[PDB]
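To begin, one chain is listed below as C-alpha cells, in the form deposited without the partner chain.
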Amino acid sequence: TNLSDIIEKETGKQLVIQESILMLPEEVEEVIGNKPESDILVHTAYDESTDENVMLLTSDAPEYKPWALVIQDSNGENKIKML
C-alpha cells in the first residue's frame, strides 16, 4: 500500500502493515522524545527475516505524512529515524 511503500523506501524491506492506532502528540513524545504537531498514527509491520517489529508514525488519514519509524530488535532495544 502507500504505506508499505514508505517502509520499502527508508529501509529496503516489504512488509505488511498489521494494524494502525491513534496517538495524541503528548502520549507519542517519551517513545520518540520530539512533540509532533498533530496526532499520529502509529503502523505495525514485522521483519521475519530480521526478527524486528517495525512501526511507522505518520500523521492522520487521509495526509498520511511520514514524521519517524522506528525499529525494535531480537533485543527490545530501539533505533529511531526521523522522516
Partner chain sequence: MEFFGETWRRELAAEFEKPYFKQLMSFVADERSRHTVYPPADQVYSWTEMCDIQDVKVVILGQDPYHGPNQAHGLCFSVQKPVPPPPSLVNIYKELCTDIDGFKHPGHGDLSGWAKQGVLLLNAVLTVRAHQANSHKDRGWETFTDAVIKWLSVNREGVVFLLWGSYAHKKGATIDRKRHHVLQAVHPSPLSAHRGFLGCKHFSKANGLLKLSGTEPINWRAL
Contents of the next structure:
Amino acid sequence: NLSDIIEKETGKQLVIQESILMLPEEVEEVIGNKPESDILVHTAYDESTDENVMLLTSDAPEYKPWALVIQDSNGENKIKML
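Now that we've seen the form deposited without the partner chain, could you pull up the form solved in complex with the partner chain?
Keep in mind that what follows is only the chain, not its partners or any molecules around it.
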C-alpha cells in the first residue's frame, strides 16, 4: 500500500525503512497543521537524490495518508498535504 502511495506522489519506487509514532503536537510545528490523532512517520531514503522521504499516516490499522515530506541533506522540508 504505502510505497505505492509514495510512488504516485513523487514517481519514486521506494522502500519504507521505519515507521515512528508521533503525537499530533510532536508533528504540528514542523508540518504547520495538527493532525486529528497520532501519526506514523514512515521513512524511506531516496539514494539518487540523497533525500529522506516521509509519508505520514494515521495509526494502524487505518494508515490513512495525511502528509508527505521530502527532506534534503541539511534537513529542509518540502511538505504536501494529502
